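One chain is shown next in structure tokens, namely the form deposited in one PDB entry.
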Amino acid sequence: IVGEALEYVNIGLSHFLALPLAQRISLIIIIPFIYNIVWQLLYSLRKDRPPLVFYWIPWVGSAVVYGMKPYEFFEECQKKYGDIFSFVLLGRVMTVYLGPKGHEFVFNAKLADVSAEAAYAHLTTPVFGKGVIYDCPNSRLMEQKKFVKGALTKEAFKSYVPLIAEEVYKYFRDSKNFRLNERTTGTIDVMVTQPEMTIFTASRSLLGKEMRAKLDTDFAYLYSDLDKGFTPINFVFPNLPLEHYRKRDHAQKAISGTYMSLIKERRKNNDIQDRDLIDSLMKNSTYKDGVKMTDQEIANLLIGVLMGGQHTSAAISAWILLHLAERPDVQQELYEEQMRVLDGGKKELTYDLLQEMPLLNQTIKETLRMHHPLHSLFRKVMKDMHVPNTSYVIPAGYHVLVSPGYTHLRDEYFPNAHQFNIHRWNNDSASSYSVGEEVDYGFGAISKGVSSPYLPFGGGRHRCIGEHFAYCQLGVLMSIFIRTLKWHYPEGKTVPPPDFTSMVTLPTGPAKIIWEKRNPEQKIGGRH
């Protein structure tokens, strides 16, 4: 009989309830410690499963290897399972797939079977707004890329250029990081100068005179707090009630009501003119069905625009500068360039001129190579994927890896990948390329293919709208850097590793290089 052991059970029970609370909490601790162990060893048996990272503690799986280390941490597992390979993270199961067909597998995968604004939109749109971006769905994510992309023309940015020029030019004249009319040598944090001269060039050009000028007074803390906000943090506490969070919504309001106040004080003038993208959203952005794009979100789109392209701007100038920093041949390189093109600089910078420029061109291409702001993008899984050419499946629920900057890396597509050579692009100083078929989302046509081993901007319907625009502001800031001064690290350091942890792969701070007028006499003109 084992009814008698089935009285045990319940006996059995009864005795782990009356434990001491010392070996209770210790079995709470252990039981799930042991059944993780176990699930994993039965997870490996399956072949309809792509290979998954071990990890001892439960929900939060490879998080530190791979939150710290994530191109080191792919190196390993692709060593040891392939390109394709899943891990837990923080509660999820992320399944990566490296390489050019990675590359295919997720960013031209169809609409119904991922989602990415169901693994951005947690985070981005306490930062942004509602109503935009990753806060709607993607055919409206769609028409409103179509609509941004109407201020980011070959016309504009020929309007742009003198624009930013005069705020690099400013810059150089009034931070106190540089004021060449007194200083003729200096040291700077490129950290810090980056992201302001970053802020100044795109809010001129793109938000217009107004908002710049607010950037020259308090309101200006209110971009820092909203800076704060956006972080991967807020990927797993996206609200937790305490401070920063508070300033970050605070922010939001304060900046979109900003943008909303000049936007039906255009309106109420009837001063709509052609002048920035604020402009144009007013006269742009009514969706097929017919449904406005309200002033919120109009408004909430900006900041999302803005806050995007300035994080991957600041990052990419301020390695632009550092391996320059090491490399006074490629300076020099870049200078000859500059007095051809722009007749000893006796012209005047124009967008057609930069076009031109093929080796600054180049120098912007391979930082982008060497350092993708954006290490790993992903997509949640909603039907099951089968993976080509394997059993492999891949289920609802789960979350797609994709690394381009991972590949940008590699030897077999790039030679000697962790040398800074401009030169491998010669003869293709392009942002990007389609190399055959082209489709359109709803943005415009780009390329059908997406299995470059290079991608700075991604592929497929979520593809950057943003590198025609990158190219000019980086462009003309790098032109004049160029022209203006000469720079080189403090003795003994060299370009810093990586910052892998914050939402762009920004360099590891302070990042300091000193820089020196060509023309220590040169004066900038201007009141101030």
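Take the two forms, superpose them, and find the largest set of C-alpha atoms that agree within 1.5 Å; that set is the rigid core. Residue numbers count along the first chain shown, from 1. What changes on going to the form deposited in another entry:
Core-aligned CA deviation for residue 21 between these two forms: less than 2 Å.
Could you drop in the structure for the form deposited in another entry? We only have the form deposited in one PDB entry so far.
What follows is just the one chain, with no partners and no other molecules.
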């Protein structure tokens, strides 16, 4: 008789359902908890899986320690498990592959194996709009990047430089944070000034004068509203009926409506030049199967592009100011380079002269090493992946995480990695360089290997295309800061630690510096 056991199964299930409610809820908690611990122990027996970081709370996983201190998390995990390990994160299993072989595994993964859009779309599509970036197939994305790269040529940068410079000078002249014609010293929060300087400079050069003019009005607040939908909370809860979710949606419609108004206006008057990225996309937005981008998709793409440059660049110029505030030796060395390359300030800044300022560009390069703004990049695994030279298979449904910014801070590859030293890039001041062979995924030839330990712009098919614009924007900005101001910390303040909980690895605020005019009597012209 084992039927008698089957009877007591049914009886036991019957008594379960009749349990007092305090015992039921108590069982609703402890049973997943116990089963979770039981499941991790069994999982650790598989030799075709990377080790899984142990965790107590089901579903939540290591979310708290990963979210607050991801590089300390990766360091402890690397010590216990080596370079490949998994961890549970708010319902998803993330497989991390640290170091240059990790860069190869994730950035050069076959298009069939992994998907960036399946990882990112739920966050970006409500902010940018439909049909662009991650709300479309990869081949569309490749061509959208090709279209945008067409306003990111050397000739475009040659004309952007005086525009960016003018925006910087107007901001020194007009912003409450400076007012250089009335004040010779002052205190600023770089997390206030740098997001504003970034949007002004990128709008004026990428979007044009009209969109720049609209930033002088209350329209400028729509970018802040749009910004607030770009939070890690939208990573797990992409649609909650709360108020900031609808200010995001409203801002996306109002901003893209403004871009579309300008677009349809320029087509109506045949006023399509080579001024800005709007002109460029109006003349160059037809895919290779004949389909043209709609005016809505062009506007959504312009949002994406500005947004992709907004927080990365603002973060980096904040960190450059913060590192230089305790390094008056570096400020003095950069000042001397400015005086030699620009003939005591007599020469006007041009894109070509920016290329003759190695120490300035090394400063950007070194800030991008220490403060990579995206600590983790993600893909969702679409087919089972064997990791080379191991027995591991990463099953479809997992995510892979790569973190070049973690490698940037490893002493093995950058001696004394937590020291800020622009001279470690002596003789190698280029934003990056294909160290050999190349490959074209649709938006131009880029490095084929991605094993460099230094990868601030990623690699492979999802590689950044804003790198030269970022260097051009940061280079003009810092050139002018250095020629105009010295700055330092208030007594007892130093370089703040990064805040890893936001989209980018921002300084913990308020990160304040004190500035003073190098030439207290110098006046910025124009009208205000």
